[PDB]
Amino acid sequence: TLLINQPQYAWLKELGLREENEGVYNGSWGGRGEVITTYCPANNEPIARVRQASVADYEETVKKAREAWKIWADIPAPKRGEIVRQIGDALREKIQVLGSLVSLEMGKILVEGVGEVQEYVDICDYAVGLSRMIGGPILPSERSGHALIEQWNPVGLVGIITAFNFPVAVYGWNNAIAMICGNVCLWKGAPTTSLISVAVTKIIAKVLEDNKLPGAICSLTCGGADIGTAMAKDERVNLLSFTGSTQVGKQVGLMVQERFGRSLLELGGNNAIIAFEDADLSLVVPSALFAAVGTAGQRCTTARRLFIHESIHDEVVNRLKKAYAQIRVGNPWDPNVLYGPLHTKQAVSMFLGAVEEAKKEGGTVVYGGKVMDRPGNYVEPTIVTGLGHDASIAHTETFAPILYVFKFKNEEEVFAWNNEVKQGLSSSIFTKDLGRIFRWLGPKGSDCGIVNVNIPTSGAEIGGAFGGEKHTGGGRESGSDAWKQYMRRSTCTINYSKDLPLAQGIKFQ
């Protein structure tokens, strides 16, 4: 009954997947823990099985990765760059079949699955460039015969914990950067996207092995909260990059702080789009559509709040309503399909709980609000009006496709309402006013890590640093100088002279 044993899913073998797969890789493949079955959210059928990590597996893998680090850290960065380049090429080769696997096991539509892999490809190109550039400044010493320099060195082992909704790209951002920086990696992905984790690890393993490098440089330990907790408490994990819920993320941050580790937290969002009276509505409506119903509203960057100026409120809602009705629903791998299933059954229940609660708090469902009567975890993408900006149900990160719509009049109040939530990931305004754009980007504007103008809250490119503020956790990934989070800084002063002048002109003699 496994999908992978059915003739139409034979393409899965192009990723090297079988009926039962090893979920631990450290140079060798294994897995002595529990076997998990993952399911297609589009039809609730079992795909294939993964043998997860046991305690012994985790312990062995950590030790092997750290031993592999002794070799990898000695390889010059541009040569490490060359490995990441080849990973980039290996992804390019598999991009359609890997994207199809993401569509099958996670449930996002094919163009987004392929697009997610493209993020990994892109950050590989960026990292290759970085491998020739990373480092610090030579600074002028105030002391004669001294050099003052900033050195950057790998932290060691980077633990990477990722979530179900971007089962490839987030690992990719971390992997590519942490690698060229001289670190080894240990991946624990979402249990419900284990096959994706295995498939990606198979691609990377072959590059490492083909370059006669130890596989444990990019290690994999599939597991649940037991493995993630072990990572958060493990002093041998020098940096823990965690992407997931705010609730879990807070505890991960506390555990890592308790051992004076380093953490990179990428947590939830409650992101807002704001449409001012002068906004190009031809930009607003498709932007809101993509930001809200993209990935069935299961992105951390998904727009969950839509603020519309009172003068254009009804008109925007009407046009958004017509747009929602023209969304093509189907199997996420099927063509021209723009809307797939939610990732889990539990998610469908929450969607129901939130829609009913929204009704109870005074809100009006102007579109959707119901489960689709069809196989899979399909719900109607939903629009709710009439609620206040401070309504409890709207201050609740539900990973459901529900968009809460609010009226506003003044710029000052609506900027405040953007900022009033606990999360601080993404935000966007739609406007032409020059001054307003300046204020939005300034000290009294958005408090988020991503601050956009005339585009959705979702769909970042890799060139900038990605992450948010407040309860979103403060970590940054991907571009700009996010690489510094994966390295340790040292301020080095070298005396090349025969004298000992002291800083600040202190005479100690």
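The term rigid core refers to the most C-alpha atoms you can superpose between the two forms while keeping them within 1.5 Å. Positions refer to the first chain, counted from 1. Compared with the form deposited in another entry:
- Looking at CA displacements between these two forms with the core superposed, a shift of 2 Å or more is confined, among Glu142, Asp390, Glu209, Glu235, to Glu142.
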Second form
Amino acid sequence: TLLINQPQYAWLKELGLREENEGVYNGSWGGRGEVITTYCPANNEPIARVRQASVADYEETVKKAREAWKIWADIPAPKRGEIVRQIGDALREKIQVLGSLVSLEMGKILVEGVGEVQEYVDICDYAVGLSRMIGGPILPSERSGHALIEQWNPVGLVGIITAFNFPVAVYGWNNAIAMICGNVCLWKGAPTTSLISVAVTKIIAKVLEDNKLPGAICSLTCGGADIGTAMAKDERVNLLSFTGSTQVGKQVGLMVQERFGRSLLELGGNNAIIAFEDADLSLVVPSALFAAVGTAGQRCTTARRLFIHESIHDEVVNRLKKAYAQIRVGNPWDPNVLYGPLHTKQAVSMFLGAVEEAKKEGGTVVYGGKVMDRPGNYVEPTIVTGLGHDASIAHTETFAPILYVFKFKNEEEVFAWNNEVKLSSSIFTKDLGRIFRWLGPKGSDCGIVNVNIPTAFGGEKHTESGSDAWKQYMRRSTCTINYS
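Could you please show the structure of the form deposited in another entry, as a counterpart to the form deposited in one PDB entry just displayed?
Just this one chain is shown here; partners and other molecules are left out.
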């Protein structure tokens, strides 16, 4: 029986959810596609159902969004910012139950569910101010009576495909900035976080509707691969922002390129921690633990490879091993819990596969490697030593808590090994020259680099230069005017 029909989960109704929900929103609510049940990963119990988009729903929604755009694009950017502000406030009002839904359906612990909603609120607060800054310079020409104008216009319809592990804030970032830039949006979320997508969309729909704006400015089309593929191939989707697996992302990028569209791709993270001989172990150990096992190893920023100098390799592993033992496991909505379940049963199987492959490729499981004996999708946070940095499994996209540990003897080889990889790098050392080399041209090619950083989400590290990220959701033109 459905969790939403059970008394203690009645709070789900505060988000407008019921036993069976419409997964399409374009000003009207609907859904003639496949009905999907989403499950609570902490106990494998069905929560509720969502009627996903058919192809016809998708087609209709795109047309309605492009119609809404005609209205929305004529609304001054600061007034668009005000709408985004109101979205932030509406999320604020529901931050506790929406956070609880994130922990329930997705599986991250409560303060991260709530904190992810907070990131969306923060982004809205930011966007209101940003909306006053959207524009380019007028420069004088070398020609008398001629003006040179850098003009920024909305791209039109921004398609947004998001992943299971951040099922609120990635949409939120894309949506807040796309909106202030004068675009309409169409969202296809992970099918296993459909209730979350529906709930967020209900909050946004109310703001739009209260402001007498067409709902399709923020359209939703819940669905699986066919819907995502349709968006990738749709010339009416002027910009496709995709976040998710490397394999699907590659195919999305190719489809967009084939039609000369624009895409923004945020793909898989095989992130490294490097601890040099002179590292502060009091910093290294807790930072590595939270980076590796936080959100059950399912962040795009999750530490999956730990390089340790051979001199301190054993001590650091021994302390991580003891630390892993003390991780508090349970339901993710229990405030005491630090470690919840993996998102799906398939995830647990992928985890088991990876662990076997690591062993066969020479690795030793010095902690974990196994499924926990309890309801839900619980696996032991896992540590593997002995592999070469070259090992195929260590460079396999697996959203599971498996930490591959590598020894190194000097700066030379460990820099080289990491340069062989093509999201974030974190180093621990007191050698300033070493830090400058790693931050400079010869170092990591990662978009995110941390230096001696001890262990809310750090959205500030994922923001073009400075505040110019809005330019990614607009198109530039150079306009030359002869007013002579």
